[PDB]
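Engineer: So the chains spell out like this:
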Amino acid sequence: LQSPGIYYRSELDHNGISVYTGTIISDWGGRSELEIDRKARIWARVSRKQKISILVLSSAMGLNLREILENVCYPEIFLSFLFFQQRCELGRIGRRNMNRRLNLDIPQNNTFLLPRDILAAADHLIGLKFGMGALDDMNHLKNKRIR
Amino acid sequence: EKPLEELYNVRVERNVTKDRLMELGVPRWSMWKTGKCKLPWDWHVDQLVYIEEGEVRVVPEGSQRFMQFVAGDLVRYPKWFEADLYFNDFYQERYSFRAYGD
Amino acid sequence: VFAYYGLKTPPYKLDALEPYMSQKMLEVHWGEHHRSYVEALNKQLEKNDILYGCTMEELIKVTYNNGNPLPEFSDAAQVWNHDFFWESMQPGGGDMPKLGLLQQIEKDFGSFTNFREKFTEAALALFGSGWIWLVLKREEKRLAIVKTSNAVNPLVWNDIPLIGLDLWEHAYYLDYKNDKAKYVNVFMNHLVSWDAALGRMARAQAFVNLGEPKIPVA
Amino acid sequence: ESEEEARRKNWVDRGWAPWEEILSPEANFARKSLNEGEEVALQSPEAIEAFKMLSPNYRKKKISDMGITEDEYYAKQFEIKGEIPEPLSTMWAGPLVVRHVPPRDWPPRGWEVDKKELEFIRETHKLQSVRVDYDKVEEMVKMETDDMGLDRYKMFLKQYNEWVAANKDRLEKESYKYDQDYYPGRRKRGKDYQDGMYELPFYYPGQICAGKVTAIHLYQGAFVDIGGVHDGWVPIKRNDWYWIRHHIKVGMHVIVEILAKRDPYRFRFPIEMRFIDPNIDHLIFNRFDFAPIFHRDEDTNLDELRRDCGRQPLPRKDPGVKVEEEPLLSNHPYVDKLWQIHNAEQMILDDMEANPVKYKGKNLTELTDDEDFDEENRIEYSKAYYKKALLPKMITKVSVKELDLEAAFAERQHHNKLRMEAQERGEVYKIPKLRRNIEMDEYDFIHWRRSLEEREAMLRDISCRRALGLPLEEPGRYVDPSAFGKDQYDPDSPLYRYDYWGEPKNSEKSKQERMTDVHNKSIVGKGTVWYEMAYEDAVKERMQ
Amino acid sequence: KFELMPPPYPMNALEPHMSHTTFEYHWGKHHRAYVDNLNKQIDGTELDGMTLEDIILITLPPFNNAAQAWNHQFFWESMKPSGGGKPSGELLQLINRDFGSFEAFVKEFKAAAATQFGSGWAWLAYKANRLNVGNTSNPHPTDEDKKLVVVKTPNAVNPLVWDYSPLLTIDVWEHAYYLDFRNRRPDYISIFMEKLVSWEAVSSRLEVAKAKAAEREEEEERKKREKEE
Amino acid sequence: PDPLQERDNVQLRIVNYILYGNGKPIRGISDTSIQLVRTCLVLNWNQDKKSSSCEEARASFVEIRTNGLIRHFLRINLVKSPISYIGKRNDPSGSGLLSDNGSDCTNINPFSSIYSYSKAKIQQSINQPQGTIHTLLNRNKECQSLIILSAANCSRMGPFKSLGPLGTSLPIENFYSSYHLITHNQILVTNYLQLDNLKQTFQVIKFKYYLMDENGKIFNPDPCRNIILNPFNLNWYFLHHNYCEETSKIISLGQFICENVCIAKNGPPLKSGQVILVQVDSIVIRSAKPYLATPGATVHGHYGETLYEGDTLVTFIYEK
Amino acid sequence: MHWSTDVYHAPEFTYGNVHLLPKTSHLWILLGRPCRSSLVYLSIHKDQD
Ligand SMILES: [Fe+3]
Ligand SMILES: [Fe+3]
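Residue numbers (full-length UniProt numbering), protein chains in the order written: chain A, 127 to 208, 251 to 315; chain B, 41 to 142; chain C, 49 to 266; chain D, 72 to 615; chain E, 48 to 106, 113 to 282; chain F, 799 to 959, 982 to 1140; chain G, 452 to 500.
Hints may be right or wrong, so weigh each one.
Calculated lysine-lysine pairs in the DSS-like style (CA-CA distance at most 25 Å, straight line) [as the list claims (entries may be wrong)]:
1) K497/G / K185/C
2) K185/C / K131/D
3) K72/C / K262/C
4) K152/D / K474/G
5) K163/E / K139/E
6) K91/C / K265/E
7) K611/D / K262/C
8) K878/F / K459/D
9) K91/C / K42/B
10) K1037/F / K197/D
11) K152/D / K308/D
12) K197/D / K78/B
13) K388/D / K847/F
14) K1069/F / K147/D
15) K189/C / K131/D
16) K109/C / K42/B
17) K611/D / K276/E
18) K959/F / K131/D
19) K78/B / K225/D
20) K959/F / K320/D
21) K131/D / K1085/F
22) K1037/F / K225/D
23) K919/F / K248/D
Which chain E residues stay away from chain C? Per the calculated CB distances, all over 10 Å, these [said to hold, decoys possible]:
24) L51
25) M52
26) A60
27) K76
28) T106
29) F128
30) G171
31) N185
32) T189
33) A209
34) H228
35) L232
36) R269
Please keep in mind that the hints were generated in silico from the structure rather than gathered at the bench. Using N, Cα and C, we set each Cβ at its ideal position, and we do this for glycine too.
If we strip away everything but chain A, and leave its shape as in the complex, we get:
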């Protein structure tokens, strides 16, 4: 079975630049997707609707809209753009993987979807647009677990 973690796939649109998306996989099987359009447009695909504001999600998480831009890299791109338990039920394995792909110093014990992880995810996602990234192969064994 596929291991929990962040996956960073990409998909090329019919017309325009290629769309980049990052999916977070939970132990229960939650899918907290994140997408980017031709603009910054850091939009989560959790809702069935057109999109959702990543800044609104970060503010609901607890970010005061200042430390968010202070901590994230390339804050210019973020500032320019103007259920809960199961999605955050990351396993120990999930925690480790999240830490690996997105360099994080979160202790293994804290197996929960922290907002810093989301922030970092967003940062990597925007970085993929400028070429600073690598997409993930979902057929790699390192991305799978054995029950």
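Following the hints, complete the assembly by docking chains B, C, D, E, F and G with the ligands onto the known chain A.
Structural biologist: Chains B, C, D, E, F and G with the ligands only, in chain A's frame:
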């Protein structure tokens, strides 16, 4: 090769004379005594200590070497000094904490 | 046992600046204060051989001991600063900065008038005894003005002093008992050696380069 | 931004420089041909030229045509290209009036010299502070030698010859022991040590000297031999060499000035100099903040190394507490040993009562439990016996002579006498405090007095320093409040704390189940407490 | 708005050891400047309408000026143009108890005023301090806790700031003696210790300090009784 | 009870609660009487108003051994949340993983320094790569990085093919003139020295050596020429400014030299690296490797950016 | 990394390490060991140590 007293700016006057002890009011200083113990102390101010009876060997923080003083020594500890003092017998000193100046 | 014993004579005669400073004041300031310090400095240096064999700048920086001045920091500092003060003044009036210095003053202060205003403001603001300095910062490569209490001099922060003034009262009381603003204005208008400052800047240019490198087109 | 500004930023910050690439013929042909295209007839002149140059016979023909020799053609490849700087001309400001003074650090640490002669040597230091009028120097020069007076310097030379003849082999042995390989800036040994060289104490910062460049390093700088076991060092960094290489070359004779003399053991380059004769100062822009040092195996404390090399203290996270406003310290370190020896004395004295036959025949003052008893063997960890909690039981064995049993015996005799007397009265006998407890209280009191005096002096020191502008904390110790990022501390500022969506899940971490369980086992009925008060308040109410 | 207070002795003919030209310049200029500056910087502020000590302890830019005037006036009052040479009364008892002798106290005052190294005031203070951090209270308190200490203060600093009580002051600033005489400070210090110090004001201030210490000790007992009741 | 007591974060409180609930009487056993009122003691560490604090205290048995006598005095100590002490004076007496272990210098007693000697006898670790710490100016402004240059990275190519402390400068009486400067720049002289004085050709005095004795008499074999005195031999010599040196360098500092370049028929340079050190008879080259790119490709890095093994350098978009 | 010539000194985008090459050139990797240096180590560990 250089003594640790020079590195940590620890000024010690060994075998002070009676006239030197008469100056600075060494007799009127407060007294302190101990037996066998380890006293970690951080000097927020300079301290002039006249060790009368015992013997103290002080190690700097994180250092594997020690500085030894005898009963005939007048040792002034510098500011922001972090060190551990060990004793093995009756040790009586006269201490005076001085500010900037004398 | 005796080092730094010499009392630095001044680049000008003791009676050269008589219209604006009496010979007596200079005679007292030098004859007595300067002599007093050096005689204690060599006495302190005779005792400790380690501090004996050090350059004056290195001696001052070591005796400062990063915030805890040693008992030999004072004397040395005072001697050096008094010597600098003697050399920083010339038998001729200075009202204009020299060509190299001007460009630097315009670059940082933005005007000579603003520089003089800030210098006078800092000199009057300092309460008590001390010195004021115009220095070049090695880290930032810019000119700036520093006021130091008592004997402290910029060398302790790795800076090059270009000009310095004695705000200790002994310097001005005999002439002007309580008008520090006049004492300053006189030193700014008539008693200042900008040529010595430009020379010190040229000497410091070896240590700190004030310019832009040549970028090859490739 | 623009290419010009980007290139300037690269040169200034990242150290970019258009270094000459000495390519092979195939590499040059690849660089020239790939610009046109793939499988297309080459039409550029340089591409066809390189294609023809791919053959050795064509290169030989071109060499013969140009008329240069093969050795000249080999060096033509290693030719600096681009703009070439104009040759620099030395300019002297005026006459150079010099002196021969003995160095200020002549006496070596651990070497004894005559004091009376040392004073005559050091007398030149006060004489060096006499001005000379440089403009009228030529008018006063005397061309008659053999009348110059250098007696102090000659006596210094004699004393220095003594020291070098004494310590030459010792210095060579120490250099062979500490240093494995020779490097520019190290002592010349073995075959390189020709007799007549000048030792390191012979030099001093401020002495003008002259030497020849022997080595040129890109990162470290240029090394000049000034006739000594240790060469000189002129700090020239990476990016300035692109333009300094046209003025500083190996084998050139230059005039240098000694700026700082250091220790070879703690510094890679003992002497640092500046180039007076070339005067390349307009060129240098990248400087060294601190002098290079040696990180050796003997060094185990970084703070001692920082103090020895003069660098700033190790950075530490700044505590938000104020040392001026804090509770004083009254606890004494000897209190623990005094309490343990008090307990040991009480136990041995009570157990001598239980066995009167054992106490009889042996004096209380002189007693020996074990001959080979040691304090080191006493320290141990034992968690076998656990009534409610299991933890290691630290064992301490008090020494026999450490306990003074006569005072304890007299105290217990008096105490049991008063106990039986009060029982005859009909009231339980109570004693407030024993002697050793009062002694421990006196220790705590003198420690509190010491702490109070320290804080009282600290208040005045704060004022004095603040008044005079002196800093209160050691500069460089507490530097970064938050500067180092990605530090997990669960403070909710980098959003490292659990999401504030309810925080209902606590089984993973910080589970308070065990505490509630043991509280329910101790007290099943969690009724509203009728009387809730502090321990000290209850004890005082019992007293008052 | 505080006003400059004249000295007790006639400034013109007070002491042949201090020139009236000197006296005038120093006193007038300094006091006036401090007060006006102080009056200028406290006008239209909460600090106005309070004593100097209140201001001293509260202050900041209105600190240096206030302290200097307060110090200067204390300095003037500390001396009269007669009676110097030896103290008496409780002063001698406290001096021989702590210092050991009057000559020892004089030597300590001289060796503290001489080594100021710049702008400073020397002080003899009666130490009655109460800290507000942690275990300030002293168990088994007794005599000899309050002592006479000779302290040296930097520019604009007074012992009032560390809860100490000011008894006697020498103004070791250049203005005091540089103008008057050739600038050899030991002379001025020696003459102060000889021919101008007034011990009667010191005795009165020691009485006031012992009264304030007694009132603080009785306030402690009142608080303890309120705790018991 | 003690006259002087200190302050600690750990606190104690006595809680007395009713056994049974009000209004409901439980059955009373005839053998054991019911307990109407009960009392208990709790240990709770002090909690700040800003941040709540949870008590972390463990109980460990402590026994003093006196002739086979054990003291059942189990000391209870509370571990404060602060990992490190604010000051050494307020620091704990024991801060170590194992109290019995004496490998630590602080654990070793000063009177008995056998443990300190045993710790010092231990050799240093091999974590250091035995190289030179080469900092990066590119990352200097941001979080810095380090490059370690060792014998694996730098190699010596091999053999390709008077001087003394003359004196010390003296103070100048005419300090206002530019005499304190021992030399003038070609480039910088204009800024500080008006060339009116130097307008005449060679107006500035040429290098002269003016020796002064202890008495103060200017001495030189030639009155106003460039004869130099040796300090040791105390004999005059010439510095030979020309030096009679005619040497040509076939390799300049900082030049990247590929393989098979063949600087001479005898020995071809190698290592495809930059020349970091140039000596009289040998050259040191820091090893490197060339990567041939093409127009249109992308370079994934800045100039002074460190690349680890496996990192991507250039992306080529070859047609299929 | 090192490039002498024929490489644009400005990134292709506002943010990122991507650089474009106008003409053919070489990219030189100067061999060395990259370490991770904290703020504490930088005080004692400096250039040419
Ligand atoms: Fe002065
Ligand atoms: Fe005054």
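Engineer: Could you tell me which of the numbered hints above are not met by this structure, giving the numbers in increasing order?
Structural biologist: 2, 3, 6, 7, 12, 15, 19, 27, 30, 33, 34, 35
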